[PDB]
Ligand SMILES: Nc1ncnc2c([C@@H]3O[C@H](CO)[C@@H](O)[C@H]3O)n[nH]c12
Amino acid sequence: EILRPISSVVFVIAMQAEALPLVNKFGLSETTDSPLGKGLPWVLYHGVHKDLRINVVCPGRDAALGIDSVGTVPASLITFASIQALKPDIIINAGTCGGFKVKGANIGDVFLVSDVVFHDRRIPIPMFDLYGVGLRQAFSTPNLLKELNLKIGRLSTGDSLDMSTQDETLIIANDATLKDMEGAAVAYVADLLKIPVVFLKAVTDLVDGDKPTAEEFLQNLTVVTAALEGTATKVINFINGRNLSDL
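Structure block, one chain, the form solved without the ligand:
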């Protein structure tokens, strides 16, 4: 004890383009010293909204190839470094991802994740199977679900962007509404270091749906990311002034 209102939050956002609209919305500033470590491509944005200190961290540009460092491994590293450096009350994993129409997802929905699994850590023996799947619960946010009326679902994570039949088999068996490339690894780290974790997952495509029309994916990313920033804004405002138990 004694429990009190949430003071600081970190967002773990894999794609630096998914983070920018949140950074502008809040007048967050790219830190020029290097909190998380010297000589890393990781990007940190810092600011204060009202009663909330806000951190947004991105794994940044891959040195070899010039792209965002996607996947479970860079996401887990940055979750770990930013927790020890920054000491957040709560972690929010925000990002765009895939969705299943048969599970009720629609392009541009922003989901609040109920719980998360992996689909690509297959260790087919007793007790290593469960560990491989790595089922973790997102921190419970009944009031915020009531105010925002966001759709809810299980998220299933793997480091592959396509979907093999092996992935599909397990994503089906496990009832996932969503498929991304980071979340369950963020959930792992958060669990190790006992920090509440929330997920805001914006659906850009329907794994089990039709390919987008000409104009559709032309607009699609921009429109779905704006939808994601808009929901992230409302989460922050809601959180502001509240205790973890009041969430």
Contents of the next structure:
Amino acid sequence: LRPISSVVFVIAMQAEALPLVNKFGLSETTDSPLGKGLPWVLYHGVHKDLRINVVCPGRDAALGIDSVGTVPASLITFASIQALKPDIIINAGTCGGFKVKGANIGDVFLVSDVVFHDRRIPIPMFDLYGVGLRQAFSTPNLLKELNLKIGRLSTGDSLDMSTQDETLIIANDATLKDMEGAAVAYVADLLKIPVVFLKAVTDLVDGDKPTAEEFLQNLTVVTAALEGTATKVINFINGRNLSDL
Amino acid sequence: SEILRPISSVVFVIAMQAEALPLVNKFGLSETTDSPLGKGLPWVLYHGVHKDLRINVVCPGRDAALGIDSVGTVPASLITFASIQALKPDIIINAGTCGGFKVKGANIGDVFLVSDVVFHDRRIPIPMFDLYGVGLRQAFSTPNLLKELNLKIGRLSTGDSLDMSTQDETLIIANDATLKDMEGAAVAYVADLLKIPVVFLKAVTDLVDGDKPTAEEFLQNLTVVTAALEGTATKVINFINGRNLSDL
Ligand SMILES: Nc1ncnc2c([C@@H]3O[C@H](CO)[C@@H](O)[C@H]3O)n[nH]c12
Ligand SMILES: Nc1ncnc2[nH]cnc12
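Can I get the form deposited with the ligand bound as well, since the one above is the form solved without the ligand?
Entire complex below, previous chain first.
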């Protein structure tokens, strides 16, 4: 009955956030509400029955690059939920895709469920824990109306892929590969907040181009594709309750 | 405007509750009940006082789905972050059992004072992201503690897998680590962000490059090495009491 009134986006790279920030005329938060001295970046605004916040892990103090990976994504997810109390979290970002699973460069995917491929604990019941299978929040009307591809996401802290990473990714029949998604899901689960994922394919994992080269090659164009979908997602959510999608 | 004075509190971050209990029992710490780190969470906080020092012990506690300790970097980073913001420690101590390399001088039962920490499972083959993924961070300098306790020293390497792949081993060898665990580097990352001094006590329960233990060996090492960790942690607590950060 209660319509959604607050959405938080978790975005690992500032360059990925800006197109969205601009589209909705969000402004950069200036008062460090999640903690003094942190590198994190927050953008806030209202549109129109929705509060919108976009949080980023920010840059490494020493090295200057975006603080990608599961640990920072978990912290900002935790901190933003506790400060802002959103109705729903959306982790938006780029990812690798498998052509064999129907993924094409530029595709923006909704996520059915998520796993980790780099948390291997070979004791029964710890094994399941490491893999961390979690379902994204059910959004069938959004899926239908926006006509998005959907598949399983597999997460780990490496941009390349080890043999053992591949083994787990395949065993879990993942379509998509990223560096934050399963950890955002773990935190959303822990704090009982619906989570949805938008994952935009920059590189083909089963393809013939090197991962880092292809990722970097397509980042800009694919991020604009990600913006277009995230914009339609916000517009759809507005005025709806969680049951509506 | 700021005059420096003795440390007033410490928080221990301990991944597995069984590792924490002997320290809790030794100092008669009480398990808190007023949700100090947030309502509706499985995290456990123990609180007490030893002489002039306030002692907080934080554990990620049991996983809702499966009921096991919530091991690994993500939960460790969360409880570290939340306990710093709520509890305002002067210093954080990541204490726990870990794997070791006999080729690097480690033995079963040794409790190491970690010099510095890295990740072995954050591989990002792009300039400046590569270094970021490795995440090299120095532990807080504690020379007088080391003169007193004479713990072995070594680099710690962290990742979310309990086993070791060849890819894992390659980074661990490249980074010249003596110790292998599942939380330390992530604890250091959070400690760094919030500018809190961090120390690590890492007790070798298994030799990553040594012969497989027997059953009676496995269990014995688990009792005796956890007891060794408690004995060392107790000595650190008695040592830190009444000291400024600069005296250690
Ligand atoms: N093939 C791939 N593997 C893992 N992550 C990514 C990404 C995403 O882009 C960032 C790369 O550090 C990170 O946020 C990750 O989630 N794009 N392509 C990927
Ligand atoms: N061998 C090992 N590797 C990683 N984490 C551990 N924790 C305890 N023993 C370990």
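Under this definition, the rigid core comprises the largest set of C-alpha atoms superposing within 1.5 Å between the forms. Residue numbers count along the first chain shown, from 1.
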Entry of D191, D51, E216, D62 that shows, once the rigid core is matched between the two forms, a C-alpha shift of 2 Å or more: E216
Could you state, for a rigid core superposition, the Cα shift of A226 between the two forms in Å? 0.8
